[PDB]
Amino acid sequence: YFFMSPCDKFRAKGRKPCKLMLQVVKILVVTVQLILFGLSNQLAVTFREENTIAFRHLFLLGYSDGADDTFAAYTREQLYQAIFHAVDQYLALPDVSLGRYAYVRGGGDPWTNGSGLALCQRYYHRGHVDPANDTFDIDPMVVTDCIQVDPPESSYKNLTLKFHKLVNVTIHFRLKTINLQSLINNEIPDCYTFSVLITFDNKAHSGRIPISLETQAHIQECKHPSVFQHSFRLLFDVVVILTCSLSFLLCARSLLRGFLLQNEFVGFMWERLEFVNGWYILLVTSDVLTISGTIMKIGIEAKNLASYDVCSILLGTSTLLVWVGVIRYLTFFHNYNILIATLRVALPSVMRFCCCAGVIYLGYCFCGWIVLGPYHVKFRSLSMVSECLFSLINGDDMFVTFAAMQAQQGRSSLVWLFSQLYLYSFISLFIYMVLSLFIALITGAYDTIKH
């Protein structure tokens, strides 16, 4: 038909395979670009993580590595000591810190003019809580009292906390640093502004106030730079864009020809989905994703985008798609095409059995959540329950799940017995039946392919 023919068969009675060469070049350039981008991102992420760890060690009183989710205050003296230690360490940073930092001094909403640190309470507008008469009268609206501290170059120790009506206490300040680590990977050093927020959280009003530290980095270009002796990335990005544009044009032209031929055939006869060649759909999709991600990456490197997650997702999805596309060349042979056809034949029944098993799985997920949420730390949220069950049907973390309920045998024996029955039934049903049926489906598809 000279259409739908295989490529080796076009070559026998036609032109050269000049469009299959373009695709492998696209795979090469996309992979190289992704690798380079990932290396640079690794460097930046390591810098930010190390700076945040140093900030925690400098500003959190009595902080040790690994005590992040449990780190909390339990007495009023503890809270006062933590707050004052954080402020004093802010005031002594140029003399005690191993890094080099600069003060920012306002220019924003939380901080007034000439103010570098903001110590602010947040409490209810009116709170009259007494448990002796079992009475209360609360106006929920949150009032903020902010204390401003000028960086060194007074009344922050006069702070009086409204403990019974407190919502949270927060400390806000920024630090300016220069990334000198970026020099090893060529490059010109960047200027980082770390926005540090320390939260003393009392929303639960349970007598336990967790303490956490978070940072938000804003990267700029340092004015007046000099490295005494110091385009490739931009040129490679435009090379990727040009190759992707050519691939998109060729695939679109091929799809248009296919649609025109389908229309001619349907006119002749006076199954339309068999004229589509979804490999080209995949190529076009990865093509658009690559182009969008490359523009976003160029902006990020030009320092005016700072949207790393979307660009990373776009480029990663495009790379995954272009690597999936080698199956197209693997089907051009026979001994690989038999396996690929086996998978293609097996897929629909696999999805249908996934529907049934997943309905049962959702039932088990809801039951496990509602029953073992109060007791099992692995069953707190619905997504956590789903992850636990999914890892449990694959033979992972089973004994810890059983032991976390053994640690309750003293408490409700009804709950312990229900947990035993639930876990045993679910694991047996999904290991001995569902996975075995998946294996049987694949084996049957392979048998039909061979026969």
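Positions refer to the first chain, counted from 1. Under this definition, the rigid core comprises the largest set of C-alpha atoms superposing within 1.5 Å between the forms. What changes on going to the form deposited in another entry:
- With the core held fixed between these two forms, residue 440 has its Cα displaced by at least 2 Å.
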Contents of the next structure:
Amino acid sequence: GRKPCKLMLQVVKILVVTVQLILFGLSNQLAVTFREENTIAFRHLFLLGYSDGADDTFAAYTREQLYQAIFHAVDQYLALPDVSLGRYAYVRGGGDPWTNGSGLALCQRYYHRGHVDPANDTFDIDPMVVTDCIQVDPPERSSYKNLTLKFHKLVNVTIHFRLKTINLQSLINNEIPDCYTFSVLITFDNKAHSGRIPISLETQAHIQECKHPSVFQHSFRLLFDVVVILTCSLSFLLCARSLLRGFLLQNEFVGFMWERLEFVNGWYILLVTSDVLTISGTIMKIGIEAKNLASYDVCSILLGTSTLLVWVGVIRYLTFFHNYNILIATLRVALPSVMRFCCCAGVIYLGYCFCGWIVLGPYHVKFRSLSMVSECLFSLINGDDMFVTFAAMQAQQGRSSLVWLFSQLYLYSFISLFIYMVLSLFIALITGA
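Output the form deposited in another entry next; the form deposited in one PDB entry has already been displayed.
Only a single chain is listed, so you will not see partners or other molecules.
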């Protein structure tokens, strides 16, 4: 008799792939937490007078402040095993910035020939940048204090070190305790030479299996990903067979007929792309879990795109029924005029973006970059953050009243014009009908 459709295999995919994603997601979350919490601690350990939330406004304004910040950072590094809870370890760095047997590297980076002399208006500068590094060795368990800074020639000051730690959060997830090495860089940046030196701390973790994990009680994830590979490979073969058979029938139709370029359903192309991205992502995740490679951005993006493109196959299966099909056809027929209107709205929107960036960039905090301007305008179209924009512009009414008037006209015209255009677009879409 009539055999049933093997499309149930895809119903497996929507389940199986999704489960994989969830599992991966959970694990990934834990890791990022362990990376973020540590970073917070490092700030509180190494940044003098640091408080939560003061990340972008944290800076030094006097020479004494800079000296105390640097000395506090180095002293807290030297006194880490006594004052810090968390069981960090020194690395005795043998890389490029550190010599063979040094833990911390305080490097002051400044111009070679710099004679800045206001009150006469003369100056000669050689943009070539020299770097002077003082190496400090971890406590056993000295000369960093005698450090001049040359504030007139200063470009930046950087502190580099590393700390090895053991991730004990795995036991909650029944994993074998993971194993980290954090590279910490503290930068006092004087690029602007404006009298304000921002201070920041950044970290980079290098996850690696450590030597002897003698954990008690110490085969499901590894089998799950190969199951994903098998199912996705099966779909690839089946969809490729459909693509070939359809193309053969189209090839005969070419001579027969001798919209014609569209004889293949894009659903199979979507499924093929989903399988390709799921297989690439799952191989990358196999490598990530094995610790042989560390790139969690590409793998997550691939898996998420695969999951989304797989959840559009449910719409594919919904099309079958007439009731859903009518609405889907209405969507499909509405699309082209929407794109056509979007072209003209886009050129007006680009013009407004350029004007807003060039005029309100100096004064408005929300117009600093072109991407920020586009985001602000897009959110303003949908009715978000309108009053905060108006109030941010009102805060500078005392200075450059002409700029304030132009901003008022610009914002009012943009909002009114774009709401009007959407409504007109549709009364056309209710007439054509």
